[PDB]
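In structure tokens, one chain follows: the form deposited without ligand ZCW.
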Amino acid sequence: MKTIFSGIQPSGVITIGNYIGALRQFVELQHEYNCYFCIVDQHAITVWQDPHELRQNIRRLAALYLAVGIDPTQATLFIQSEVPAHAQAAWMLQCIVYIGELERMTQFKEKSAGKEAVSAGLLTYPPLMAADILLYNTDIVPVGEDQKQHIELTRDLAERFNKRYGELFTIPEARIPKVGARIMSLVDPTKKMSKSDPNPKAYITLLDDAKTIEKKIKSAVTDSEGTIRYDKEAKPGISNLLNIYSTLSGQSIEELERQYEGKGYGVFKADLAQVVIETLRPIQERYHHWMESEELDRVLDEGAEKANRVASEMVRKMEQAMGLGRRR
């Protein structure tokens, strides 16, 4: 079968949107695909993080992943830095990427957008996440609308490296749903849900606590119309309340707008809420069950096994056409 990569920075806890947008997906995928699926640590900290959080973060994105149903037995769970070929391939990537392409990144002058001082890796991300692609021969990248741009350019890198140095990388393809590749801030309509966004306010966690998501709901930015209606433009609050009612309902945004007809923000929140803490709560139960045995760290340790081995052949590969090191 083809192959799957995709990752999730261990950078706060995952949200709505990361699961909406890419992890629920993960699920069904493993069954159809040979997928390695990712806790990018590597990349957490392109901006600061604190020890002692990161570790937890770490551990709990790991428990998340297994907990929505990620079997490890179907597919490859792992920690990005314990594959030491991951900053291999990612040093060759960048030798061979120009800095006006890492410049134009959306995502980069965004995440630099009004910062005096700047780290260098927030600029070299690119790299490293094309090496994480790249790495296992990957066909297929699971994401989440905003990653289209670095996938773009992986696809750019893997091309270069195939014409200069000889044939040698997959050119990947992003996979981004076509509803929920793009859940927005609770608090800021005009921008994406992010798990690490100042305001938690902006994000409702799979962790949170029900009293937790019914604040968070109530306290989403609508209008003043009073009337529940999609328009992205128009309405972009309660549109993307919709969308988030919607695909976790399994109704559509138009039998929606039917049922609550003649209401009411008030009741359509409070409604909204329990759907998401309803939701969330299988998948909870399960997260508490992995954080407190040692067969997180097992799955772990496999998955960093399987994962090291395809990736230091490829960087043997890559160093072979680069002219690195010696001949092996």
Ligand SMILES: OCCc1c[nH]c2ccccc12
The other form holds:
Number of protein chains: 2
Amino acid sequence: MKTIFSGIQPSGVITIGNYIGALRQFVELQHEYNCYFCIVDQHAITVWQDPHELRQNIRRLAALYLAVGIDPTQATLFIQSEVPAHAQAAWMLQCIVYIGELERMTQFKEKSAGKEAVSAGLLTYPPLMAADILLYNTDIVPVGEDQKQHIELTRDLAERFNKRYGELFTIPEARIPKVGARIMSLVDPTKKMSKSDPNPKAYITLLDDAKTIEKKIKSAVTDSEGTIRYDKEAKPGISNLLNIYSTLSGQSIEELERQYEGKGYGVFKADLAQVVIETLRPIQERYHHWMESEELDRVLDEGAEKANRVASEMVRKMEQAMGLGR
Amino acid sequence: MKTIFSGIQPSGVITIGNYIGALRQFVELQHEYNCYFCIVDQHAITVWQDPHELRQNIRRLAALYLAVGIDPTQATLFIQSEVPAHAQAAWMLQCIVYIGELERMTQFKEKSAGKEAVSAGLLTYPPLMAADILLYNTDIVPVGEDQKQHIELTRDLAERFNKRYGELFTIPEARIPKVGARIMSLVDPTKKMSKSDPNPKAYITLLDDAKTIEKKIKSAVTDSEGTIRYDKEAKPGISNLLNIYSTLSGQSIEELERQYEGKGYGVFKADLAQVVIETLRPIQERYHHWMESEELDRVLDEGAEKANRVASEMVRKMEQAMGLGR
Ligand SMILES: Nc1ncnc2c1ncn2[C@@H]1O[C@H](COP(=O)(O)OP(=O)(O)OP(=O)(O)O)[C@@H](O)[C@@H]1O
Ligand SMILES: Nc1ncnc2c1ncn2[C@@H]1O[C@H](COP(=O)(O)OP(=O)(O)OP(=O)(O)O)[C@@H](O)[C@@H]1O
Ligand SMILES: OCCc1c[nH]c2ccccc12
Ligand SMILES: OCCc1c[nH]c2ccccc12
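Moving from the form deposited without ligand ZCW, what structure would you give for the form deposited with ligand ZCW bound?
Okay, now the whole complex, with that chain kicking things off.
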């Protein structure tokens, strides 16, 4: 039985991009693999987070993990900061990675483009993520396309540690879905949808109500050609909407192209909004059930205890390999 | 009663520079302050350390801490990596510091000058050091001159956290001794003496035997003027040797200048070597007593338990202020 690890930042409320690219597949993989699913709050604070919003987004993410169908008896669900081994292993891997490898990361370059002043944690984001994965001898890392480069670096760091000190880490492999690996922003179809986008109109969170979802889908940027067909280069907006429609409804893109022959973008958008609303309706109902109850904290308590047992043992082996401590 | 924190890297065997600039004063301050003295093995691995040498240098440093007279019932002596709070607080402070502040650090610039490839841990050395200090509500940090800049940054990070989130950290002050704050290398009197210098002749470790100390002092670079007088600009070699002689023997520099009027560098160096040997002789005897015994590990066990109690509580307050966890 292979091991899976994957994490989601409580930098906001997760989007249909997070769902389609990652979380939706978590629900299937929990039955086939030994699964660790993490709320990576230490990654979230690599940029400014209001403390009250962060505390709440951590609970919201935990509730949405379970609301979409993750069974806490089949997968280990826990908060990153409640397992100290992640910070401990992050430091050791920070001493393995070179500054040039971190500065070349695409995520760092895009996230620091606003400039002014960028935290060191943003630069050292990858070694913490590498620690997340390597601590549990992870075989498979299910992610969207945006995390492929970080997993490539994680493999490099595992190989470097293994050959500098001794064989210890499993070399992880990314698992990126064939469909929906990069949901695009509704207001800029050339940028990926992000839950921390300064525009709320760029994303659909799993907690958006019907009126909000209708507004954001109908406001999504398109061309003016009027034909509903998939073509990323010429029609990136319509192409993104068709991809969301297809993967949420179960209709193929060609089937959707035929369905909307001779129809305008207006009815296409209105229909897609209702497809999204109906998808989110049972998720939101179970979400409110998890946010109301003490059982959410008990799930998190037990998840952290289990992750701590595995991760702290790996840290002991990492320290012994490097010569730290006694 | 004010609190003191100071740490020494097990990157090697500590030198007379480490002793004169820091450790010697530890022995006095332990009776006047609430003291934490640390073996910072996580700082040591910011550059390559052979695991076997690192494991041994950690024990050697612990033994030399106690051999010079640190009383484990008057001060808390512990290993950095055995208190996870240091890595945890280091991550949070990494999210407070800006990359530009780390790149401007003098230590980073000098240590990365060899170039090729520099670990990220070398860049993020300061936020871990800031964590070391701030975790124990430290008032005073006794160090040599080389650590002044790191403590200035630590104060900046404490103030930034305090005003971004809420008053939590004590603002520490450096305590740099009037005499001996920067012992210089014996082979390059314009560089500070360093325990990890690629030349062994640059430093005198506390464990150097008599023949070795004689060799290194007699090989120390001087001018050819022949006069024994203190003048850093014209005679940096002789000036460094006079400073070591003065602070170890209790004679003032002027008293030493008068004593060696009309004498050559040869007898001056030979005499200084014996002053150093006699200084180290009782230290080395008690060192061998600590390395032989189980009581060294018990001291370290109790030190880590006490430091963990204080540091883990501060991490809980740091997490609560930032919104991490629950
Ligand atoms: N636009 C996207 N399309 C598909 N998957 C995505 C997308 N964005 C994130 N993911 C996925 O969500 C998972 C968690 O990553 P993360 O927490 O950092 O999302 P985010 O960047 O903060 O939110 P988002 O990108 O949607 O705006 C990843 O496994 C994977 O990258
Ligand atoms: N040349 C020196 N003169 C005086 N104090 C020193 C000197 N070098 C280090 N120190 C002091 O030793 C303490 C521990 O610092 P550290 O472990 O990093 O020493 P080091 O750089 O590795 O060894 P060294 O500088 O002697 O070659 C510090 O509080 C303080 O900087
Ligand atoms: O950076 C993407 C979020 C994340 C943090 N740690 C991880 C480990 C595995 C998959 C995703 C993450
Ligand atoms: O960098 C100098 C060694 C060191 C690491 N952490 C510290 C905290 C206080 C004084 C010195 C150190």
